[PDB]
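Undergrad: This is what each chain is made of:
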Amino acid sequence: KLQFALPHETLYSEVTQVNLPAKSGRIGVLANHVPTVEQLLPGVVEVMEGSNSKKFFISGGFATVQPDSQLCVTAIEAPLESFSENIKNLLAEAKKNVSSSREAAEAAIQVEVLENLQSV
Amino acid sequence: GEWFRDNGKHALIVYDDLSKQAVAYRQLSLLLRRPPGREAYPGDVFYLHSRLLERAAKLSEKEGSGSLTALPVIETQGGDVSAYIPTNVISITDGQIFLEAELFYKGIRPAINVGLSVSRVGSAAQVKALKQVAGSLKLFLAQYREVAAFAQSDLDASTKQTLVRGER
Amino acid sequence: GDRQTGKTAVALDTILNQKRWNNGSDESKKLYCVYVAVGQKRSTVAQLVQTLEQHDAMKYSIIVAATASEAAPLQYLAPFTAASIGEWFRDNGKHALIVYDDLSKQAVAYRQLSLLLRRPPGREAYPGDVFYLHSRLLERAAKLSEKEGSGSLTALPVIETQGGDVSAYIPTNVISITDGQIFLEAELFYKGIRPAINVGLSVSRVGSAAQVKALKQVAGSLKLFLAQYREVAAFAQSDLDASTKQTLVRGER
Amino acid sequence: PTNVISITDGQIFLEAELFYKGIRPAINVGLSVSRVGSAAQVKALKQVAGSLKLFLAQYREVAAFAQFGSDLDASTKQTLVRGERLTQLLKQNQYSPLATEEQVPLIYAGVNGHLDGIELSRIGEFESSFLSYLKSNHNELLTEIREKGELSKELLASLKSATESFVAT
Amino acid sequence: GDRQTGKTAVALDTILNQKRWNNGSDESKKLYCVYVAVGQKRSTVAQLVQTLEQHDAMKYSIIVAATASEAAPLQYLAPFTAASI
Amino acid sequence: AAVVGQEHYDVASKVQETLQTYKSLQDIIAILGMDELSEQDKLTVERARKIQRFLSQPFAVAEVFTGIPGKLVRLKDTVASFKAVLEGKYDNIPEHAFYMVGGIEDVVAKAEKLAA
Amino acid sequence: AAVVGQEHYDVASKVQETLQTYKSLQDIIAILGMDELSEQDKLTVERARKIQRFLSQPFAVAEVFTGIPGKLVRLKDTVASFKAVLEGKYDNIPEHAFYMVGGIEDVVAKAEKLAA
Amino acid sequence: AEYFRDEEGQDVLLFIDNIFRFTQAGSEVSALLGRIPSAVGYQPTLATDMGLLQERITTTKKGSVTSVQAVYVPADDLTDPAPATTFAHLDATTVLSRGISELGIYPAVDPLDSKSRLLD
Amino acid sequence: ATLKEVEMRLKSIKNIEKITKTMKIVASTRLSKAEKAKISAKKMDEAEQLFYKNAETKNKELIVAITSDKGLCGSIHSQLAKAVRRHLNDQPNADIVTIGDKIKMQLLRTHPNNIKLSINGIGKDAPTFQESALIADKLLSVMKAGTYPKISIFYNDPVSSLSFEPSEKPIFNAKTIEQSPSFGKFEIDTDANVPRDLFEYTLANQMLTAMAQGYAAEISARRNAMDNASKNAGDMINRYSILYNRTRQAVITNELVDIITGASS
Amino acid sequence: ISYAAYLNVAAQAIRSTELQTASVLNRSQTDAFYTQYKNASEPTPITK
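These protein sequence lines map, in sequence, to chains A, B, C, D, E, F, G, H, I and J. Using PDB author numbering, the letters of the first sequence correspond one by one to residues 11 to 23, 26 to 90, 92 to 97, 99 to 115, 118 to 136. Using PDB author numbering, the letters of the second sequence correspond one by one to residues 256 to 407, 410 to 425. Using PDB author numbering, the letters of the third sequence correspond one by one to residues 171 to 407, 410 to 425. In PDB author numbering, each residue carries its 1-based index in the fourth sequence increased by 340. In PDB author numbering, each residue carries its 1-based index in the fifth sequence increased by 170. In PDB author numbering, each residue carries its 1-based index in the sixth sequence increased by 359. In PDB author numbering, each residue carries its 1-based index in the seventh sequence increased by 359. In PDB author numbering, each residue carries its 1-based index in the eighth sequence increased by 239. Using PDB author numbering, the letters of the ninth sequence correspond one by one to residues 1 to 59, 71 to 276. Using PDB author numbering, the letters of the tenth sequence correspond one by one to residues 8 to 23, 27 to 49, 53 to 61.
One thing to keep in mind: the hints can contain errors.
Said to hold, decoys possible - Selected chain D positions facing chain F (Cβ under 8 Å, derived; list incomplete):
{"hint": "1", "residue": "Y360"}
{"hint": "2", "residue": "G377"}
{"hint": "3", "residue": "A379"}
{"hint": "4", "residue": "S410"}
Quick caveat, the hints were computed from the structure, so don't treat them as lab data. Think of the CB as a built atom: it goes at the ideal place given N, C-alpha and C, for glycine as much as any other residue.
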């Protein structure tokens, strides 16, 4: 089915449709989708197991449909709601940080996260 | 004291300290060449103390309830209670109060360690009001003694609650 | 060994076993065994007497008694008198045995006497001549030479160690006199080993060539082996090595 | 023993366990005292051994902590490293006395941590050799220490230099 | 410290470094050493005097002795008469 | 707290409790270590070690014992200086900068001495 | 170190010191273990355990009592035997190999017996 | 008790309080008599006096006294001679515990601690 | 005195028994969180392994080992030290990155040369993704991990909740990932940098898992040790208690003899 | 920058409205050092 797993938690260890943002744009996986390995970009993820749909904000990871149709999703952390106003404030400060500064790359990643936040 | 007791009255006699009474009897006995005994105290030091400690009394109500509360004081030389004069006296008296040095140092004055204090008559002469609202107190403190054996970290909530209640 | 672990019973079993030796025809085989009951409740001894007469062993055995009620001078002279009887058998050349339960109470008795004679208390408050008493008593028991009729009077004196204190003056004094000791482990006794024997705090060195040769051949190195069991269980809290494990398994069985 | 202890102005404890431990002469320095202290000894030797007592006392405390299997910080191991060498320095053969002129250098060296650097194993080698080096070169210094029984600023510096010169070996 | 576990040797060490002053001049620094031996065997003493003679220290040592055999009064008396010397 | 006044008493009470804690924790520190005791405990231990050598004061008659000039401190000054230490205003002062000091000035001075 | 020779004394010195250390840590070893004490000490201890066992030597008059044939080891042999063990030359074989036997040659042989 | 046993045939049961205070009383009587206190102060005749007492407590043909005695251990030291001498007479030991009573179990009796030789 | 020196030492042992008891309880508390995390962590790892297995990916040399800075957790440190040492006989020239002061010390003895990178500040800490990630980032840069086509990781697999067996696993570099036979069933572009990325991602994920397995084993071992400590201390308490009781009596008797001697005069 | 470092930074940023539990915060906030060694010589414990 689907393994959706975090180090200290598991979100959804027969899932029908999953919509994922990956290094391949956005990919949707529906029942049998031929087996892939794609690194998951930091993401806003929707998982539908049956018609029921769960909305996640996910810190990226790696995605792998297995040949046995075990959709191994591994990601570091997440719900959408948990990520969600103060975060918007903090990111403005972080945006300021990009002006100065690995720390340079880090602040750039923070801007990428700001884009990811903007998606919400 | 007997005059007061006999008059039916009550009174409190504090013998302080029977340890020095003991030494005096020792001095007396040894100088009279009267036989020495355990811890070089005469053997009838027990007899002396017991005679004294049984004169304290709460008379029959036909004898007018003549009380004569007593509170003898024994000085523990190096905290010794196994010592012949302490062991005897502890047995003779009903109740003991044993204060601890650490508690004194920890600014707990009274430095009474109520782990080593007991009263047998106890709640018979405890105010009823005070009995009600301190049955709980006994149990809380009892737990606090057990929960003194956590004093480091990762501990049960119950233990943490106990520590707060007990310490306060 | 320790108090009322059926301390007496261990000796009683020996007396009983000798019934195919004490009803054994050969007079060399015949022991005439003396049970000295010192400081023991007269009732308990009466139960012992009944046990002995139940095992019909009474007829080859003597009971000498100096009970707890019986006075200290009687107790003091109690082993000495008994040993005279033992010597009568010995001096018939005939083989005998005397089991003295408890010489520890004889020590307490001599202590009582000494104090009441105002004689100064020796070490552990037991008179300084306590050694002399035990040594004069103990060295009577003997295997005499064929010239003297090959007398025997075996001695099994029963010492009741309080708290298993074997450094104690009376025990050490006895140990030095005696050849072999049979210390009994209380912990094991309680923990279901009856009889419970200390496999090295019981020693002997005079019985080993006096024991049956069959039981010398078969018993060869078993003392060592169970002092390898002793080692194995020493370091178990030895190896998971099959040899050590095998020793533990053998030891347990 | 109690009676004598009161009477005496010092106690010079020697401990058997420390003998077996291999401190020969075996001195229980914790209980060895002279209540009045130093002025009944040579001034030079007083100057050099000023912090020797402190070092040893610190070593004792540090050494105790280590045996409880609690991890040691570097500060304790500076003490430990210094202390160990000092203990080996103390050890001396029975029936071997040492002239004060040749006890002043060794203690100066130790207190000035030259031997705290030098490895524990070869401390015994160093002591003998150090004396030999001073006998060759700074034997004038040894004579001065004997003759004047004090260490001047110049003499202390000279002595420091001598030890330094023999820091090779 | 525990009996004669070089306890005796400690005293001999003092004598030996004092060999330097004794042999040396300075009369007021010449510690003519007085060794008092109480309760000790003749053999022990005999070894000591040989060691001391080897070390040429019985050129300034005085040995006051009360051997193990030599009486209890003499043993009591030995320190006080050593003191007088 | 009235015989020698409340301040004197309170300051000394803090010392007694602190030391009693230090001693009790000394056993824990022995095997487990000081680091396995709380931040509050570590600060208490640190204060106690500082206080421990703050007690150390040389004497005029130990210019022949230790050979170190004595130190005399006014009664008011001692009370004040212990209060300060406890407040931890002088917990920026090394432990050995309390060793064989006198007044507060000396505690500071020995910090400077160590600094140089 | 000259009465019985320097080599003898050195060999003996190391035995005494080593064994005294092992005895010294007996309290700590028992409350804890050797896997909670220093590695350096653990080597010393393992060596010492072998040495302790090495000290065994059934007597020829005890040969009856022990039940093990007597062992008489020459002084010249003895110094050699301990020297090797102290340098751990033959330390690498069972502690029981050293147990109830005399000389170094015998220990080696009893290791061979154990090995079978 | 003996009038009951011997002369009324009755089996009776005689309680004694502290046998520590029996011993203690005897110890004093030796000292009062001037007789040299036997080890740990106790009378030299401690054993014999107890012996008479506890062999007049037994089963005669007529009847039997039985005695339950109260032993107040002397400073919880059972290595002491007075407990040992008492234990010689004892056929059972009943070991009441207040811990057990605190487990609400009245019988106060601590079962594992209590041991008898009459159990066989 | 015998009596006082016994008594104080016995009091010390008593306090020690109590502390080792206290620790055993605290250890159990600490252990529960460690294990809980480890389940989730291990589950996450298995999903990655699902790829590696199905891919049949497989495998100088790197050695990484994990143990705490702190000691007294039993023989976790030294069973691990021995099993590292066993595999350090297998290749002496391999570069050891030691995560933990205790494993560092033991290994430092066998080879000090091989100690190349080490981590101080991990010891008390429970597994955290951030640490693993940062160590991984430094591991890639400093040790050039991919250059060593063999990687080996050591940890303590917590075999039973009373046991720990040190265990090891490899971390698959991009070269391995590339040449795995099934890798076409898994679909990704030939122009993807996904092998070298998946290597990096699983560098941290495997390392974190290795830490989780180890940490749980470590805290569990510490509990076991501290329980046994209480027992060992107890045995000595009893032995010295008998000595104490005897000594108490001995003082009384020796004093009594003096009293008698005095009385006689 | 390394892929898992990239994701790490993202995860840390992602634990920001804040609502988060301590354990989340701990997986995203830990203090430590890395003491590099040499073939011997140790580049000093620099905060990781």
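Undergrad: For this structure, which hints from the list above don't hold up?
TA: Number 1 only.
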